[PDB]
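We begin with a single chain expressed as structure tokens, specifically the form deposited without this ligand.
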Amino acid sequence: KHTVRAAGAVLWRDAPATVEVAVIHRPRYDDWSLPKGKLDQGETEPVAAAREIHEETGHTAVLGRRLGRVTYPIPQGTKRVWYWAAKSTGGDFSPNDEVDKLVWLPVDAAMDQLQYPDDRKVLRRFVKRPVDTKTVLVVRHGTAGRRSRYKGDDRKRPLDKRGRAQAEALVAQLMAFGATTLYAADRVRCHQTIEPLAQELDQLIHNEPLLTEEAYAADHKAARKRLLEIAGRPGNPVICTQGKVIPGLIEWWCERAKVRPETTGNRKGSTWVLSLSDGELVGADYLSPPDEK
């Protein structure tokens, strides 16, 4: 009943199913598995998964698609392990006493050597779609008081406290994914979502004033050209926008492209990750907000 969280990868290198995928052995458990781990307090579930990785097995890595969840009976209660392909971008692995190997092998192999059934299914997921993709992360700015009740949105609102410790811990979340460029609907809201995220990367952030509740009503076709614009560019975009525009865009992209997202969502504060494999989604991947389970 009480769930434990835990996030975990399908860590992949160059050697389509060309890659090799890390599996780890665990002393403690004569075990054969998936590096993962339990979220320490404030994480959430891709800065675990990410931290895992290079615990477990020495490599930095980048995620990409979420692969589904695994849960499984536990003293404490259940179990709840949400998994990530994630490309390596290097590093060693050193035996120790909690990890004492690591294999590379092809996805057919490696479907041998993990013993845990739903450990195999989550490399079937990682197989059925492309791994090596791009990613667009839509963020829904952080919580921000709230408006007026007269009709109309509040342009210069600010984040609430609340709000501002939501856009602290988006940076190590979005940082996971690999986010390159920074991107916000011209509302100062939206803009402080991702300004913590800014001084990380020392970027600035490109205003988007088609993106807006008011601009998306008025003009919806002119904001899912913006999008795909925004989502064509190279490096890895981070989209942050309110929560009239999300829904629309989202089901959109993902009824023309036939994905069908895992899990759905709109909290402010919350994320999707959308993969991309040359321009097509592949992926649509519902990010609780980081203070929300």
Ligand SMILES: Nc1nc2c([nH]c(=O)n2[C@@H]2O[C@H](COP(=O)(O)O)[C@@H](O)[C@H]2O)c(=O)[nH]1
Given for the second form:
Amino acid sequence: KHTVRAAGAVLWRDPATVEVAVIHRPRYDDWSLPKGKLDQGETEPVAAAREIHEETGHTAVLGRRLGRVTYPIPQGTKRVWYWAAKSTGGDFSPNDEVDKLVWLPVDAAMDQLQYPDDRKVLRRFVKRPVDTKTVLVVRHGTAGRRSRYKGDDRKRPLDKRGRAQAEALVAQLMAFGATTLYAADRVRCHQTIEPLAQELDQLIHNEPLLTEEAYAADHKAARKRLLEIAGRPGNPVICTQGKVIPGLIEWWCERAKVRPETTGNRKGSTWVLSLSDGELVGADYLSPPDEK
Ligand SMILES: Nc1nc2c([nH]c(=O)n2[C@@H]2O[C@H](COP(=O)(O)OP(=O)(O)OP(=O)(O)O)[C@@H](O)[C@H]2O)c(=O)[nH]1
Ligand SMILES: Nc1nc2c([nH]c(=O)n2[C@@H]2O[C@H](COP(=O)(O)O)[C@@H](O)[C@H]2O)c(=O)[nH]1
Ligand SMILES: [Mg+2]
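Return one more block: the form solved in complex with this ligand, after the form deposited without this ligand shown previously.
Next comes the full complex, and the chain you just saw is listed first.
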């Protein structure tokens, strides 16, 4: 019942002109997908990108999540979450840890991959488009407790934990190539993405239509705004509140017939919404960075 957490990827480059990376490890004499264990304090996406780079030499942008693999190891259970990862370049160099890397079309990769569960992940990869754009919907970080007053507490700030969540989110949102920033009209939403804003040197666009009060008064306007943001070029981060996110995510998944594999709505959590030709093809719920 102890889980060793890991992550990795189907690393790909230019549906069926695509080539994917398969690695060989001398220690096990295996052919598999690049992946590795999370370091203390890392989230799965951050670890996937790091391990891809360490094992293949490539940087990449993570897209759609492609499922979970588990198997027994002496310490308990190895758990690996996999992403589609588009190469943004690099060069492999053989070493003692990974001695070969082959770029293969999917059919040939299917034969090269020795583990059934890697083949399962690769089947998931080909099931939907992988050249995706990404919308990142983030519930703001922890911000103490609502006051006894009516409504919201417009200026209530992140607490110490929440400020740490905000800092931890930078690496997680960068893993997906976030480029533009949007926050509902509450201090705690802006503060969650301020560290990212500082990192990108971008301003945060204020969104009065996406607050809890606004969604409860005019949900259609909130939905319309979400779609307007998502249609703009780049990969937007939109930080908003707990009474808003589940309704927006459910409505989009329903209209697009997308089934999320995981669900939740925790403060500091992220939904990764993958779009292909402006249609939703994936909705992946990530835990807060300091939670499992
Ligand atoms: N890469 C990989 N290895 C697996 C899978 N299933 C499975 O039994 N193995 C075996 O699990 C054992 C431990 O390998 P591992 O790759 O999980 O562990 P690791 O800590 O050395 O590497 P990591 O840092 O990449 O997680 C190896 O004997 C390997 O053959 C799988 O789906 N993928
Ligand atoms: N190197 C290696 N390859 C294995 C194994 N099992 C296993 O099924 N294979 C498959 O055998 C083929 C590669 O053989 P080599 O060229 O000898 O590395 C690939 O289809 C692998 O998926 C194994 O333990 N080692
Ligand atoms: Mg590894």
